[PDB]
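Asker: Listed here are the chains, written in short residue letters.
Protein chains: 4
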Amino acid sequence: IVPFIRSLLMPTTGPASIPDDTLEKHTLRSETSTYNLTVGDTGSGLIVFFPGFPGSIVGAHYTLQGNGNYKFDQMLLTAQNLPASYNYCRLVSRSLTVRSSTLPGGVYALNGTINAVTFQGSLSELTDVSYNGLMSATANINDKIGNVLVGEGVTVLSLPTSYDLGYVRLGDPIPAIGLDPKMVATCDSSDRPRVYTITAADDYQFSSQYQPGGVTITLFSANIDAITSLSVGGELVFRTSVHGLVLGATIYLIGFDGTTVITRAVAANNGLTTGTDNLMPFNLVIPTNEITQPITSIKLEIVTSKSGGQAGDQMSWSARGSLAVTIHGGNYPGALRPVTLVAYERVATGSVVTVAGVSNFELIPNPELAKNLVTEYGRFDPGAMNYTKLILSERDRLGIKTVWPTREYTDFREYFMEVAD
Amino acid sequence: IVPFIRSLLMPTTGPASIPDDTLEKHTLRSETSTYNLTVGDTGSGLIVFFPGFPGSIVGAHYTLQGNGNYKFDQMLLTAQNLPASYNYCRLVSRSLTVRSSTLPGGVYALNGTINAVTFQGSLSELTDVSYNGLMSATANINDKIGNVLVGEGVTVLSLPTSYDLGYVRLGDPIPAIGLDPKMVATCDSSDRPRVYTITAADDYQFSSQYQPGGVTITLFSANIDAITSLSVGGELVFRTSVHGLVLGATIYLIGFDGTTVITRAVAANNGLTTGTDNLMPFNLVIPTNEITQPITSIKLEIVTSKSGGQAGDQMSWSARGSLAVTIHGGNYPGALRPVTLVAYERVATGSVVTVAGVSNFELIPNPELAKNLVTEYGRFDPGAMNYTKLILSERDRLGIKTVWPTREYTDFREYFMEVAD
Amino acid sequence: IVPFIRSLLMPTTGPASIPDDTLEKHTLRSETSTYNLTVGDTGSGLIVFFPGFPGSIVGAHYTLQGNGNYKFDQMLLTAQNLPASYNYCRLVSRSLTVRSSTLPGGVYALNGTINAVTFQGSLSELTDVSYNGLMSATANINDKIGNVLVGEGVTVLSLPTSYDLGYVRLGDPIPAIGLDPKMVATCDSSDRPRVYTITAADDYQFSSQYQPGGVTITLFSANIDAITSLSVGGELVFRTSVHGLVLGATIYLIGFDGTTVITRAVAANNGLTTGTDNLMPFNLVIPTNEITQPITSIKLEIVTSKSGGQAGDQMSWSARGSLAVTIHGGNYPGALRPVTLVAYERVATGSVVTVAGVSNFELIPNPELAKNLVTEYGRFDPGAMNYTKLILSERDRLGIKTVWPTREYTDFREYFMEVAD
Amino acid sequence: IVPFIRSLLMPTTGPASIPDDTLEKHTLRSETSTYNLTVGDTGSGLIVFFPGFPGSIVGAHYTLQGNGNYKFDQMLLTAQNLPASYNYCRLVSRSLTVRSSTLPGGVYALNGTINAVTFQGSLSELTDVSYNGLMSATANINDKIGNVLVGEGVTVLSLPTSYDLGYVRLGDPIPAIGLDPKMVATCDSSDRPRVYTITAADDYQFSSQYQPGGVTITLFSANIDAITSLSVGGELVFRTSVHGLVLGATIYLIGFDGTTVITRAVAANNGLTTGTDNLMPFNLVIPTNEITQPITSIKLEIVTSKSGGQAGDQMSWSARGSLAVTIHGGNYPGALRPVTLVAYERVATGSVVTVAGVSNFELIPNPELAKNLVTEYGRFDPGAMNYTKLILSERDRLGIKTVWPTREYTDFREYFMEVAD
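Protein chains in written order, with our numbering: chain A, 1 to 421; chain B, 1 to 421; chain C, 1 to 421; chain D, 1 to 421.
Simulated from the structure, these hints should not be mistaken for laboratory data. Each residue gets a CB set at the ideal place from its N, CA and C atoms; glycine is no exception. Incorrect hints may have been included.
Listed below are several chain C residues computed to face chain D (Cβ distance under 8 angstroms; list not exhaustive) [what the hints assert, rightly or not]:
hint, residue
1, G121
2, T161
3, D164
4, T199
5, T216
6, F220
7, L323
8, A324
9, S393
Take these sequences, add in the hints, and give me the full structure.
Answerer: In C-alpha cells form, the structure reads like this:
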C-alpha cells in the first residue's frame, strides 16, 4: 500500500494500483535493478533506458570508443525475470539512479559529468546521441539535465506515457515439447503493434557485368526499433531479359552500435526466368531471445549472379515491391516509445558507474504461481486520478522532472514527502 | 485554451486537450480544410467525410454521372500534411461546411439541395448511396438532414466515437536510404487493425476447354474498406488430374467509383502438378501512397492455361483456401468507422461547392520538430469529462446533431455560446 | 474620446491615446481607406496589408495571372498623405474590409471565396503565397480564415505588435531648394533599422572566354523587404592575372511580382589591375519615392569584359566581399513585420473588390500645422493597460481574431459592444 | 509557466513572459549551456559571460599563460543555434555555474579558487582583468565574490539591464542563392546600434626616407567591442608635395587575447597626387561569421612607398580625417553592455572546469517553424512588474547578487523557494 502518487513520484516507496478504469484482478510487485558498469578506455559512455517498458527490460549500456563508435556492453534488467512467473503486466512507476562509486587504484580525478534527456521517441529516431547532442533532443526544460557531477549522480523518474492502458503479455514461455532441445515457445506482447512499411524498390533497374561469386548490392537500409520479437513480410517481384541469373537475398537487423544483431536469408539461390514475373516473398519471424541488443535498423542485400558468365554477362534485372516490418506490441506506449538517455564523459577509465532502481508493476501470475498468488482489483480511493491529472497537468510549475540531479530529487523526497513519516 | 466542450461543439474555436485518462505529454493543433469543388455535367455529386479520421484525411469528392456512376474527383485533406511533422496523433474535434459559392456565368438557378447522413459504418458497408437513399442509412434523427438549400449550406459536426483511445501513428516517413529514388519508408498506423477473412473456395471445381492465352475467371469479389496501407496474406492450394497447366493470379483493389485503384500479381505463371498439392501463397503489402482513393472492394482473378492444347484441353482444377486481408489500424474508431455523406443535386453545372473546416488534434512532434516543440500533459479541469458524458448522454434532447443546416448550427453557436463573449 | 480597448477592437469607432509609458504631447486622428479594385482575367488576386504600418501605407494589390504570376496593381493608402501634415506618428488601431460589391453586366455568378492569414514576418519571408498556401502560414487558428464568401467579405483587425514604442518619423519633406526641379528632401523613419549582411563572394573564381559586349553573371540574389528608403553599402575586392579587364556592376531591387522596381549602377566601367587589389565600393541610397511597390528581393550583376579580345581572352577574376543592406526603420514593429494576406479566387472577372477601413494614429504636426493644432499628453485612465494586457493575454479564449468573416466580426461588435449605445 | 520572478531568480525553473509593456505574440524557450573546459599549463584562466546577450552567445573561455597573456579557447553557446529557428528574441532570465569537476590522474590538490565580478561595461572597457584586478571593477558588493573554492563553484545570475526593450533580430539566414558556395546572407540585429567616431588624424605630418617595400606606421589603435557584425566607414584625405607615392592601408580587428581576429584592406596600392586632395574612403562591412572571438580593439595601418627611390625619397605626406565604426545593435542593453567575468587560478593543470546553465527567451519563429509553432501575447498577471520593481528596488537589502557562491545561491533557492514545492 501507498497512494499511487507516492509511488509515482517516489517508486522506491513501493507499488500501488494505478487508479484508472482498467479494472482487472491483479497483484503488485517491486523489482530492483542493480548494476556496476565499468568505464571504458575513452571514459565516456551511454546508458539507454526504456522508462515505461512493461516488463523486465530496463535499459542497455554502451561505451564510446576512440573511433567515436559505441560498443554494446550489456542489457540492464530487473532483479528477476518476470516472464518466468507472470503472463501479463502493467508498469505503475519506475525510478533509477546512475552514479559513480569508484576511482581507479591510481587516480584522484573527481573526473566525470553527466548529461541526460528524455526523448519522446524510439532510440533509432534520435537525430544525435553525442554527449552534448542529447541536450537538445527535447524542448522541455524538465526533461534535460546538464553536466551533473558523476559523483553526485542522476535520478531518472518515470512519468506516465498514458493511462487506462491494457495489460501487456510478457514474453512468457508457453508449454511445448519438441525434437530440438533448444526449441522455444512463448506468448509475446502483441497488442498495439508497430508497423513499418518499406517500398524497397519501384521498378529499380540493376546492372553490372559478370563476377565469380556474384555482385552484391544493399537495396535499402531503414531505421526501425525493436527490443522484442518482430517479423518481416512482403514480396519483391523481379523481371529480367537475361537468362540463367540466380538471385540471393539476405536481411540484416543492426544494433545501436552498428553491429549486426540478426541476419536471415529472405531467399538464397533463386533462379530468374526471362520474361515472366519472379516473386520473392518474405516470411521472417525474429523471436525475442535472438535479439541480443536493441535493433536500430534493418537492411536488405541482394546478391545477383549468372550460371555461366565470362566478361560477358552485363547481369541486369528490375525489381518492384514493398515490405512490412511488424514489431509486436511496439506501439504500446513505453514499449519502445520514450527513451531516456544518460550520457557520461571524462569519467576515470576503469571506475564503476553504479545503477540502482525500482520498478513497480501490476501483474497476473502464470498458471503455476496463480495457485498460491491471490489477485484482486485495485484498492478504491476517490480522486486519486484527478489529483494525478492535476499534478501532471501542473507538472512543469511543480518542477516534476524525468531526469533529476540526485541531490535535487533527494530534497524533493521531503519537499512533498514531509507528510506521513 | 478552450474548455473541451467548447472545442467539441464549436471546433472553429480552437483545440483543447481531451479530458480522458490517456495521460501523454503532447501538443495541440488546429488544421484548416479549404476546397472549391466544381459541379459536374449532372449537377449532382457526393462528398464522403471521415469525421473521426486520426490524421490529415478529411474526405473525398465524387461526381455522379449520366451512366449513374460516380467518378472520383479528389481527396479532401488538411491544410498541411501532419505525418510530415508529427508521429502520433489523436483527434479532439472537427467541423466542416459544404456549401455553394458560385453560379455559372450564364445562370440564375438557385438550383441545389443537399442531403446528409452519418453512417455508423465503413463506406463499403453502405447499402445505398443515392441522394435519397442516404436518408435512411441511420435511424437517428439527429444524424440526417434533408433537402437543405445548397446556398444555405450544411455543417458537419464530429461527435466522439469513443474516448480514452490511444494515439495513432501518422503515416510518417522513417529514415531510410535505398538504391531506388522513389523508395519510401514510413511507420504506419497499426494499433487496432481490421481483419477480413475470406474463404475464396472450398474445393471449387473449375473447367473450361483450351484457349490461346487462357481462360480467366474472377474467383471472388468482396467489399472491404481501406484508406491507408493494408496487406493480403493466406494461401490457395490447387489440385489437378490434367498435365501441364500454368495458373496465373492477380488481386485487384477497387475504388468507390468502380475504378481499379490497385492491382497486384499474387502469382503469375505457376505450373500445376497432377496429383500433388499445389500451393499458391499470398504475400501482398499495399503501402498508403499507392491508395489514390478509398478502396471499397477486393477481388481475385485466376487465369488458367495449358502448355500445348488444341480443342483438346478441358482444362480443370480444384482449389481450396482462404485469405486474410489486414488493414492496419483499421479498427481504431474513426479511422474507417463512421462515414458522413454529403450528397448534393440539381446544382448548376460548373458552379462551385465550397468546403471549409477545422480539425483539432493532440500531437507528438517528430524527432526534428521535438527540439523546438514543448509537450505537456493536458490541462486539468475537474468534471470536464462528466459534463461531456452528461452532454452526450442527453445528446438527442439537447439537439446536438452531426449534420446540421448551417443556419441552425449558426444559431446554436449562441444558443450555448452566449457566455464568455 | 473612446477607451483604448473600444478603439483597439473597433477602430471604426475613432482614435484614443495608447495607454503606455510613452508620454508625448500629441494629437489623435482617424484616416479612412477606400478602394474599388477590379478583378483580373483569372478572377484571382492577392491583397497585401501592413496591419501595423506607422503611416499612410495600408497595403498593395496584386492580380494573379495565367502564367501563374502576379502583376502589381496599386498601393493601398490612407485618405490623405500624413507625411504632408505630420512629422511623427504612432498607430493606435486599424480595421479593414475586403469584399466584393459588383458582378459583371453579363453574370449572376455568386463566384468568389477568400482566404486570409496574418504572417508574423515580412512579405519576402512567406514560403508560399498561393490561395491555399496561405492557410498554413501561421499555426494560430485565430489568424487564418478559409473560404469566406466574397460577397460576405472579410475583416482585418490589427492587434498590437508591441507597446511602449516610440514615435516614427513619417517620410515628411524637409525644407530645401535645389537646381533640379524634381529634387526631393525628406526626413525618413530611421529608428529601429533592419540590416541584412550579404557575403556576395569569398574568393569566388570567375572565368569565361571573350565576348563582344562582355559576359554577364548574376553574382547573388537574396530576399529582402522594403517599402520605404534603404541603402546598400559595402565593398567587393577583385583580383586578376589577366590584363585589361573592365568590370561593370549593377544592383537590382525586385518587386513582389518579379518586376524590377529599382536598378542602380554600383560601378559601371571599372578597370582591373593584374596583381593589385581592385576595390569596388557600394554607396547606394534608394529614396522612398523611387520604391513604386514593395521590394521582395535584391540581386547583383557583374558584366566582365576585356579591352581587346579575340577567341583569346578566357577572362577570369576572383572576388571576395560582403554588402550590408540597411532599410531605415525596418525593424520598428509593423513597419515591415507583420503582413496580412487576403487572397481571393473564382471571383467574376471585371467585378469590383471593395476595400474600406480606418486607421487611428497619435500624431505630431509639422511646423506649419503646429501653429493651429494643439497637442496634449494622453488622457489618463487607470487600468487601461492592464485590461488590455488581460484581454490580449486571454486573446484566443475570447476569440479575438486578426482576420474575421465580416459577419462574425459584426456580431462581435455587440457581443462586447452592447454597453454604452 | 512560472511567475516571472521565479524564472528571474531561478532560471533553471523554466521561462515566463516578461511582464512589461512590449506586447508581441511570441513563444517561450529554455536553452541549456554545458561545457567541460580544460585547465591550462598555468592553472589560471578567465571565462567571459554576456549575461544579457539576446541570443545564443553565452560567453568565451580564455586561458592565462606564462607570458602573462591570454589565449582564446572557445565560445560558450546555447545548446542549439537559435538564429537557425527563430528570427526575433528577448532574454527573460539566465543562470550559469562555473565549477571544477575533475582532478588530474596524478593529483589530490584541492587547488583552485574563483573571483568574479559584473562589470557595467563592455569587455574592452575593463581597466584590469587580472584575477585580483577584477575585485574592484564595480563598487557594488553584490556584484563581486572572492576566493570561492573552485570545487564549490560559483553561480552567475542575470539581473535585468532594462525592461520594455523590443525584440532583437537573431543573426538568422535570409533566403539567397549565389555563385559562391560559401556565400552567406543573414538579417542581423540592428536596433540600438553602437557608434564609435575616431578622428584618426588632423593634418598629421608623416615622413621617413625611402625603403624597398615601403615604411609602415600604425596610425591609431582604439578599443572597441564587437561580437556580431559591424562596419567601418569614413574617409582619410591625403596631401603631398612629393611625386609618385603609392599608399597602402589595412584595418585590423584584434581579439581579447591580442590575436588579430580580422584584417581588411581599406585601400591597398593608392597613388598620391602632389598638390591635389587624395581621398581614401572606408567601406568595410564585417559579417558575424568572420568574428571568431570577441573584438577588443581596432587599428589602422598605412604603408607608404615611392615608385622609384634611392636614399633619396624622404617620403612625406599629411593626412586629415575621421572614421565611424558602427556595431549593429551594439547599444541594445546586454548585447555588449554588461560583462560578467569569472576568473580562476591555482587550479590543477588538466583538470576540468564545468560550465552549466539555462537561458530563457521570448522568441518569434522563422517562416518555416511558424507553421507549427503557435505564438501568443504573454499571460496577464497583475502586479507582476511592480513586485519585480519592488524586488529589484530593494535588491541589495534582499541580497540578490549577480555572482554567488553556488552554496549560498543554493540556499537562496529555498530561502525564497520554500513556497509551491
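Asker: Closer than 8 angstroms between Cβ atoms is the bar; does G121 (chain C) clear it against chain D? Give me holds or violated.
Answerer: Since chain D brings a Cβ to about 6 angstroms from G121 (chain C), closer than 8 angstroms, the hint holds.
Asker: Hint validation: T216 (chain C) versus chain D, beta carbon distance must be below 8 angstroms. Holds or violated?
Answerer: Violated, because the Cβ-Cβ distance from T216 (chain C) to chain D comes to roughly 12 angstroms (cut-off 8 angstroms).
Asker: Quick check on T161 (chain C) please, does its C-beta sit within 8 angstroms of some C-beta on chain D?
Answerer: This interface hint holds because 6 angstroms falls under the 8 angstroms limit.
Asker: Tell me if the interface restraint on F220 (chain C) is satisfied: Cβ within less than 8 angstroms of some Cβ in chain D.
Answerer: Check passed: Cβ of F220 (chain C) comes within 3 angstroms of chain D, closer than 8 angstroms.
Asker: If you take the shortest Cβ to Cβ gap from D164 (chain C) to chain D, is it below 8 angstroms?
Answerer: Since chain D brings a Cβ to about 4 angstroms from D164 (chain C), closer than 8 angstroms, the hint holds.
Asker: Just to be careful: measuring from the Cβ of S393 (chain C) to every Cβ in chain D, is the smallest value less than 8 angstroms?
Answerer: 3 angstroms, holds
Asker: Less than 8 angstroms between beta-carbons is the criterion; does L323 (chain C) satisfy it with respect to chain D?
Answerer: 7 angstroms, holds
Asker: Hint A324 (chain C) vs chain D: min CB-CB distance below 8 angstroms?
Answerer: Holds - the Cβ of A324 (chain C) comes within 8 angstroms of chain D, reaching about 4 angstroms at its closest.
Asker: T199 (chain C) was flagged as interface toward chain D. Is the shortest Cβ-Cβ separation under 8 angstroms?
Answerer: 4 angstroms, holds
Taken one by one, the earlier hints fail for this structure only at number 5.
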